[PDB]
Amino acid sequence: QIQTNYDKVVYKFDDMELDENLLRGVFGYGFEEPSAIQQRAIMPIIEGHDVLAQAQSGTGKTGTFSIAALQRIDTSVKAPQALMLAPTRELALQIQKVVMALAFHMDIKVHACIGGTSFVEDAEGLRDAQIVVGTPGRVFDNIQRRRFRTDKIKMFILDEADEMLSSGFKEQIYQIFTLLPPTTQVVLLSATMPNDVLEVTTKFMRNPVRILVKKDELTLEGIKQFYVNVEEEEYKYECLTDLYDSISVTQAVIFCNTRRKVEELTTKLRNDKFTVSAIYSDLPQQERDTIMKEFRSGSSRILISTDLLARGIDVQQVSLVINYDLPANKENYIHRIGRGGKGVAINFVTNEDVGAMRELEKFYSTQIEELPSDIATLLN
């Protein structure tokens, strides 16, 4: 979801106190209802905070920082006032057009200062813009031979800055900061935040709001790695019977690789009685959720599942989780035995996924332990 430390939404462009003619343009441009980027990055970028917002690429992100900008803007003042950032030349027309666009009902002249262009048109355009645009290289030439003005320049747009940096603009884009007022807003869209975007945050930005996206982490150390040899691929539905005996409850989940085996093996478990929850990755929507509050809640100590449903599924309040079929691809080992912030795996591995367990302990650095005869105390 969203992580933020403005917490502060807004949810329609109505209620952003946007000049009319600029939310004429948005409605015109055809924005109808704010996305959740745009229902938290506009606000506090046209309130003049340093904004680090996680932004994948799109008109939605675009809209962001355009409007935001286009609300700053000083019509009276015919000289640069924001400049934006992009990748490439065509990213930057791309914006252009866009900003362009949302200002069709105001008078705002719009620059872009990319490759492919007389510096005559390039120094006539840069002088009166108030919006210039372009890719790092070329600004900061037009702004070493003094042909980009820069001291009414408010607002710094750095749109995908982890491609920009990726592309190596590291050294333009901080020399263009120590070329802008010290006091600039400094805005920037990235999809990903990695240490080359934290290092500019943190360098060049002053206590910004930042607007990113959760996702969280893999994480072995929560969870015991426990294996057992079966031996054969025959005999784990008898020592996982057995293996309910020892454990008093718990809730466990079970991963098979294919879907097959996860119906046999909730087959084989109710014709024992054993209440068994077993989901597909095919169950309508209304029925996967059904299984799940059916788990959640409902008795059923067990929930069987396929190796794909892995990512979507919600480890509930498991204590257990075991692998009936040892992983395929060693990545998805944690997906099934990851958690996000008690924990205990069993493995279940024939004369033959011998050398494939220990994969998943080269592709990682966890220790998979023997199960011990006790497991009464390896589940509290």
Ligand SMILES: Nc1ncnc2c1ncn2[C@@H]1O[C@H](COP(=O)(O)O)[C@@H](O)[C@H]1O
Given for the second form:
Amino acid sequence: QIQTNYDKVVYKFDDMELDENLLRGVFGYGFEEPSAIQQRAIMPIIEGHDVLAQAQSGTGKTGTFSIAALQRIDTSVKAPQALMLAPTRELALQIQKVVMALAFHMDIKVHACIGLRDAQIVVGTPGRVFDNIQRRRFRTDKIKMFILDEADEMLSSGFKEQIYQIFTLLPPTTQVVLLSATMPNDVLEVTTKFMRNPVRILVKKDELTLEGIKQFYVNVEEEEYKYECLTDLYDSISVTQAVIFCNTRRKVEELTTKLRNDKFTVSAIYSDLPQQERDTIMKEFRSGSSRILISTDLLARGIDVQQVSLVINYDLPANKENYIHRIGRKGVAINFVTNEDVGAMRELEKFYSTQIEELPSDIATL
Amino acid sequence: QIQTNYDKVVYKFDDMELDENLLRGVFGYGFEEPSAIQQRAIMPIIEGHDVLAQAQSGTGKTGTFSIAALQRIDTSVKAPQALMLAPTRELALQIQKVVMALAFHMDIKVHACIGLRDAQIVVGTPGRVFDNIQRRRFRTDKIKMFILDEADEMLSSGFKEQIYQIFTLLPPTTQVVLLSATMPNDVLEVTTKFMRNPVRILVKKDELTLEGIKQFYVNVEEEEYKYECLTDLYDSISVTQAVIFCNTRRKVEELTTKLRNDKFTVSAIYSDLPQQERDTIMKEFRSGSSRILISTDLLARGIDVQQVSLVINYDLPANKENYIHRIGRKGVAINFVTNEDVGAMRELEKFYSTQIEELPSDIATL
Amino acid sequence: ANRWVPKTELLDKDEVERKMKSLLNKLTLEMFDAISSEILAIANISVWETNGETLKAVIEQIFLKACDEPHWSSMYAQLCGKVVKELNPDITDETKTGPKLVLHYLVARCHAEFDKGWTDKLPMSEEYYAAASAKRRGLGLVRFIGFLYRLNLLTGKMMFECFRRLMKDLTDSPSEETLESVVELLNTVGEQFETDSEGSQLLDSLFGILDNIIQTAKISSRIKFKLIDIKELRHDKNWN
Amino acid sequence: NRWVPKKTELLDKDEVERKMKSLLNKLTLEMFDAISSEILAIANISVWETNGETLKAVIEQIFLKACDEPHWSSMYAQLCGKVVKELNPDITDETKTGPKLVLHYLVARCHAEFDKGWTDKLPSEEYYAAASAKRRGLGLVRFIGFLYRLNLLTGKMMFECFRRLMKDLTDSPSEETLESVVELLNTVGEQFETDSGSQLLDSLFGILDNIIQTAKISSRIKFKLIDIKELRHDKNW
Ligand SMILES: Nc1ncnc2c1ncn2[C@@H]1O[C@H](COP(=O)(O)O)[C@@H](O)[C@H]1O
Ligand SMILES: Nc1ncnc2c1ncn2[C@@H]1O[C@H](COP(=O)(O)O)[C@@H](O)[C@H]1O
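Would you mind generating the form deposited with this ligand bound now that we have the form solved without this ligand?
What follows is the whole complex; the chain from before opens it.
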């Protein structure tokens, strides 16, 4: 864990002095307000500083270095001016998509590396990018910005040598931006050796609380009645979208097919599914395709609690710890408790020192 | 392990009664003679039989069902006639590439699923393909062939339900082709339930031997002399391409940079590298980009021993078992043995009951 | 404790509301035809009614839905398109039959919801949570009107009244939510509305107010781009 | 017997062969300019020689390489292009100087390797040798093509090449021969059309039309023959 040493926060993109074409790109992509990182890291990068950012995924990392890079790009020069590096080609392609999107209104060619001596931005993996430099495939003399995304992952995937080489093959004055979720010995060595008086930024994941959501429960009494109460709950209150939790994959899939029989539109995620799959499921769900998402408890950590108004714990988490990851933060949480789940809900009662009032009849308003 | 029950082998593509445009595609792609699988599985598929093939990767699986599918495609019908399924999108895209390649001379649109109701062949993952069927996105009424590639992997990645659904959503007369490296309880259940009197084919990996290669050794005496003998060896004999083995990643990378200083062109692979990376390294090497490949012992299993004439064991395998995976099968193997590696080479001597004569001066001929 | 408890054909007020909540809660692009048909089965109950009271309620709840969930306004709009098109022609109201009846219902339900009104400039808090929702549901409505108008389920007179209300609230230091609503409305209905029973000349006054709000008002860059784009879309590109 | 490891500078026969093996073993498209320059430094030794013996050997070994490794024939051909273009003009041979000298060398080394000849129809002992002789023979005809394309050889040598292939193309040709002729036509066909020439291709393509409509050849080969027939006659290269 590195310490922050740069106290300059810009809250609006409007105050970043970006070019209209670029500013149009970011807006016309979804971004409306800069995230934590983007508020602190974008400006220094544009200003030419070396930036060492310790940041987790889904904080706006890709948007941070992509926006700052495009701003620095000279539309006149038709050669590689910035190199973006990633551990995998999948991650490299994603970066390229985002970069291309933000640059929809600009005249900037983005090429992937896994006819690239005329592109103004190169994205690729360490192994491939190195081989291309050695083969004199892409011009490096115009490179002024070198971005290493997820350095910890690149080093753990045996790209040390490759990366080190790249450093020595670029113009000695090349600005270095390095982002990484963790800062191990390996990564810090790169930092010390290849970076000059870096702007050190650290974005801590926001702590979760229950204070933002109103939580209730429903004594279904017996397990056989859980589904009954669920369907009846959709007769009582109006719902935009909801997320349902179960302990096992089996129940997740069983509840899923049952709901589909009653003409519900549901998405289901569990552990055995590839990250690729889950990601799509959640993306299409958060876009409005489906209106119900059933998930197992294991993936309550790497899950996103968007503006989904309602969360239902069909099952009661075997591990008390997992209650926060289910309903943590403005929303509503309704728990399904049986006669034997009473003592279980008591555990959650004392553990978080919170209160779970029984579901009133006045919910249509609430 | 399933038992074979179909004894009909076709040795030449010319005897498969394929269409010229398709036959041109396979040839113009590299394939010149059908592999083990292709010799036994292509025909039955074309003939309409259900095919259960237990096959490893790199045997010609993708080529087998791709060639048979295209042959069965009706260029007139502009709707999905065959569905190809894979565990991952990466694997799905690869399948699509190959299918598109073989169909370069044909008028057949291939669409990936991770405007697809006008494509004649659909390739995708179980989760995505299912969602698209449910959303009435792609027409399934014209489907006559359903291919499940790497069934074991799809089931182990939590695609059981999805797959089962697909089966019931296709025309009941849809021909089923299933390929899988392993045949666990899970996969066999699918087999029994969804397949009709399947042509069962099993391609066993070919056993490796030393009888095909002539092996020598060179008493370098001390470790400090190993590199000396290597460079001198390139002064003595003419080499097209060679593969060098080392025990550790460190030496693999050290030897690599040393050779590059002497203007050698080398590729290096080790364990910490992502499968993606190795695959590219080996592909570009086998294409002639580099003329030397240094690899660690761990990846002597999933490595390809092509027409590379020369193999050099810079280090002597700590595990005697790994000697076969290094030089197993017409080629030449030269071992670097030090004063302390003597007793080590003796182990390999008795273990394989083979003979390793000392490197003669008459190698320019041999 | 006052709590919550679980549990050819006719349905009372409650049974109608409960069944409609469930159905409108299930409405997706995937399960559309199946759920919209069941909703139609509830609207067809009015064949056994004098003043078509049940059908009136169905239209009401759909509007209420479309106003609380703007993300699906276009879909709810199509649900109305189906009800109008596939309604039982034998349905009589003691206050026109078949489709022509539902069209009038839609219009009436608009006027009703619209007359409720709302304010743009909004003062956590108490009544503030209500006045903020009134605006949200108000703007949710103007959006729903647009999707109904595009499907020709509403006349121009209602669209005029809609722009009318937005313009009056567009010359009094408009909020960004209002500007957002007007842009989206113009992207949905703009071209079509260009010709309707004095229509294009209404857009002239509207776009004029925008030109002013672009060159003087202190608005975020994001909003300023949206305004500039639709200005060019109409004047230059001509909706093409 | 066994194996044992070890202009200002001169080099004897062995040192020249050993250094050239290493250099020709390193020749890649990536390390081209660097290695081709070091090979040129060995060829320039002949400035201190009467009969340019070292240069002759350099040309010899390059041919030997190009014939055992057809996959790089085009690259080895460019190495020759560099030697001709960047040779020390002060080099004299007591048997023309500079480039004009290397051009003659290339031609001579062709005739030499070519006169060695080979057979098409191959019958475990001497068979391994007669099979290599054909492989290196066909490897040569390929190398000739890449030299011809770069204008490092005259038409007379290309004629002799087609001449040899045609004679062996009317005697139940092997698939390896047919393969070689197609690839040669794809490499030099168009260019050769005009040379002290087209009427020679007429007789050649005639032999092919016959071998297409009569000979028992694999479908794969039949497609290659049909394609180049259309490429010349219809598409016109
Ligand atoms: N300024 C922003 N506003 C809203 N969402 C953002 C912003 N920047 C990034 N994101 C989202 O954060 C997710 C992960 O970002 P990253 O950490 O860059 O991979 C992406 O899916 C983006 O949609
Ligand atoms: N008939 C064939 N001849 C030569 N190589 C093949 C053939 N079929 C497949 N391959 C190679 O085998 C590899 C793996 O094949 P597959 O098992 O189909 O994934 C591919 O990279 C192909 O290049």
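Residue numbers count along the first chain shown, from 1.
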Rigid-body membership between these two forms: residue 226 with residue 294: yes
